[PDB]
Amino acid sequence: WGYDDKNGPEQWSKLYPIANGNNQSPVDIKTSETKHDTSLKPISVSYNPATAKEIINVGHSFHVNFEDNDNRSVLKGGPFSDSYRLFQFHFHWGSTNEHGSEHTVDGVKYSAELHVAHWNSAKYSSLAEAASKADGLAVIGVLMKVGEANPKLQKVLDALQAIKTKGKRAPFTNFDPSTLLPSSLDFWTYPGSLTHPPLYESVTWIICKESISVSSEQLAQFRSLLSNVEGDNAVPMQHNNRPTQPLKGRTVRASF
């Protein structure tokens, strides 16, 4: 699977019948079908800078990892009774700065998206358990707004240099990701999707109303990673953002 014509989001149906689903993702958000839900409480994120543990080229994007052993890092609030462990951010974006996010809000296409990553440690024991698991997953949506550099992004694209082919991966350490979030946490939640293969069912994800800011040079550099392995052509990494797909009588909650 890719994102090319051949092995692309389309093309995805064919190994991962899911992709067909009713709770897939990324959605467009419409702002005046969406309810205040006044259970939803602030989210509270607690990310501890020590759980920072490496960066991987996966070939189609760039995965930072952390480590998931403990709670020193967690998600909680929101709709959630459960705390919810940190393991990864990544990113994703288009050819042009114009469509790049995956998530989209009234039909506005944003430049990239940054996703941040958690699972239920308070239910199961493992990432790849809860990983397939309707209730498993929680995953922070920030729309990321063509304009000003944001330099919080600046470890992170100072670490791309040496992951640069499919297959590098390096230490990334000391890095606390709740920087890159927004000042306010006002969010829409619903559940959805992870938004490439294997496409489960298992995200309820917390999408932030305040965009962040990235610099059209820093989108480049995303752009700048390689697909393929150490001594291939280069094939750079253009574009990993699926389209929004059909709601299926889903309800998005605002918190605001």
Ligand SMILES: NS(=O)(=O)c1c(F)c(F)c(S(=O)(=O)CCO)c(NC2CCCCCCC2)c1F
Second form
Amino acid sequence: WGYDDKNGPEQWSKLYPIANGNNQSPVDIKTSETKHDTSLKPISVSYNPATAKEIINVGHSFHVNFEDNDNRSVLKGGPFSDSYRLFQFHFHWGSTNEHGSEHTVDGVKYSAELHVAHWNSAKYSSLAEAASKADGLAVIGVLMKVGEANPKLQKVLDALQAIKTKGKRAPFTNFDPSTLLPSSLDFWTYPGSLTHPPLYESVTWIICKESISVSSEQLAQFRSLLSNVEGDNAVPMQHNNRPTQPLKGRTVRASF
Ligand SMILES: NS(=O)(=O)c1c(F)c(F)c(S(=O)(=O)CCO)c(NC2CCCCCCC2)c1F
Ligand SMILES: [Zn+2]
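Having displayed the form solved without the ligand, please output the structure of the form deposited with the ligand bound.
Next comes the full complex, this chain leading.
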């Protein structure tokens, strides 16, 4: 499963008919149709850098995974009454700077998107139990706007030379991904899904209002990762964003 025309977004509904469901992600957030909700609390993140574990090339992307044996690293607040435990962050990007984000805001496409993913450890005991539950996962999405280089990306970008090809992995430790979030944590929230197979409708999205920057050359570092395994012809990972999906009557709520 990937993003090419035969294993990609258009092919997913064959094995995952939930691809055409009613809570699919990402979406285009229309700011004139949001609803400002006052039961929403501020998002609170508290991540312990000792939980960073490893960085992995998974062929269509790369992931930074975290130890999630306990609640050292948690997300609270916002729409949640439960604590969600951090387990991973990753990015999505596009083939050129003029698209690549997953979420869009009033039709505007950004160059990339950061996802910081968490599972509900108040209700469930593992990521695998939580992944399929409506209340199982919480993902912070941060739109990344091409512009000045972002120095907070540097440990991540420096690490990619160790995981160039599909399946490579390396320790990635002592890193707090709250350093990647924007200074404002004003947000939109809506009930949705994983944006890749198995596309479970188990994600409460937290989309930050403020973007963070990325340069054109930092973007090119993500696109130079390779989707092939070591020794095969190099096939760069040019893109890995899913198109936006119909809202199907859901409401996007605004914290602000
Ligand atoms: N954008 S996202 O947050 O919905 C997302 C992906 F796009 C994605 F591609 C992945 S993947 O690389 O691991 C491919 C299949 O999952 C995960 N990973 C999680 C998805 C949750 C299902 C069970 C494992 C939890 C990892 C994932 F969370
Ligand atoms: Zn993602």
